[PDB]
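Quick heads-up: it's one chain on its own, the form solved without the named molecule, in structure tokens.
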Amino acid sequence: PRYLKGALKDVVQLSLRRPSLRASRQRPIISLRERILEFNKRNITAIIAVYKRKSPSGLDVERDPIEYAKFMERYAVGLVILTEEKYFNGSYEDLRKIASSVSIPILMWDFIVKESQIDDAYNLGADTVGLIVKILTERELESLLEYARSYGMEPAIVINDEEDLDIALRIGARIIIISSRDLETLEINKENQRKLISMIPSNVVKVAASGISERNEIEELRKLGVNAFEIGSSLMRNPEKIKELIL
């Protein structure tokens, strides 16, 4: 991984130390990219609902994974499931459980740093994974992207700045997550997010993340070319906000 410090470095040490999992995948690979695109053509708002019990940028929510997933199934273009243990209190089990209960596409969000964590996604039912630029060498990032593709997965590439984005373009990202929230400071910059978005080619699926909270924002960002929307903690709090958000 890259040279790091503080909370980030600590997540990446744990992730490297993280025990693999034995299991057989019992679902098909459902592409997140392809379904975002269907929603666009179908003129339906593409919301990606996140599941997380805890995050550094919210208060803890105790809530049933399955009940949440089954509920979002009626509405969301897909689900993000956190499986990072320390900072997000997530588990592979949340993934397994939800994966056996819904058949919308599932992205596993963790700090992915080695092949075996990709094996776990696959083995557990995840349709795809988040690859984090700020965390990986160009080499590792290219290496794990190829590896995810060997299973049939098309990973999302998560970005914050122009350097991130340039490296996503290097590897030929097909799906990019543009987060406005900095991993370290937790500062949100929507102005920087908008510029990043303007700089991304049309042929690439663009998902805006962090900070989104109302249909007007979603509408403004759609006019700017955004395809789908990762929405987290507020849906954890109030899952039925998504009916409002998809109008």
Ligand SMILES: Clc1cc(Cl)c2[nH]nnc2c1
The other form holds:
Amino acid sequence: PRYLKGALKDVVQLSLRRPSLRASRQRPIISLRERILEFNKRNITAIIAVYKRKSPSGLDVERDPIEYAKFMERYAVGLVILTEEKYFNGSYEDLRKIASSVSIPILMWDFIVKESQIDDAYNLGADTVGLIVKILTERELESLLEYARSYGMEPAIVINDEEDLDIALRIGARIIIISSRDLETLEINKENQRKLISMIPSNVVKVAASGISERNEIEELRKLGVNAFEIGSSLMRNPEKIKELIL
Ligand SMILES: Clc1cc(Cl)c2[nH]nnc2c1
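Would you mind giving the form solved in complex with the named molecule, to go alongside the form solved without the named molecule above?
First the chain shown before, then all remaining chains and molecules of the complex.
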């Protein structure tokens, strides 16, 4: 991993020790990237709902993962499921249960630093994973990206600054998540997010993440070329808000 400090250093060290599991995937890879493009073709708003019990940027929400996923199956373009345990109170059990239950694309959100986490995602039924430029070297990003591709996954590459974006383009990213939330400071900077969006080539699918709460925001971002919209805490507290946001 890169040179880190504080909680990011901690989460990375914990991820390195994350026990791997054994399971048989019994699910095709269903592409998140492709379904986003299809939603764009059909002029229907593509919202990726996040399932997360805890986060550094919210109060804890205890709710049933299956009930959540099955509700979102009707409305969301895909789901992101937290499997990081210490800071997000996720588990691979949430992923297994959700993947067995729904037929929409699933992205596993964790702090991926070793190949066995990708094995875990695959074996549990996730369609793809995020890779986080903030915590990985160029070399690690290229190796993990190729490894995920060997399972037929196309990882989303997660960025929040220019240096991160340049590395995402260097590795041949095809789908990028531009998060407005800095992982270290928890600052939301939407000016910076828009600037990053403007710099992504047109053939890369662009997902805007964090700070999205209104249909008017989604409309403005779509006009700037954003393809889909990742939304977490507000849906965790009020899942049916998604019906307003897609209207
Ligand atoms: Cl997989 C993943 C990872 C991080 Cl850090 C994210 N931040 N916002 N959306 C995300 C998805």
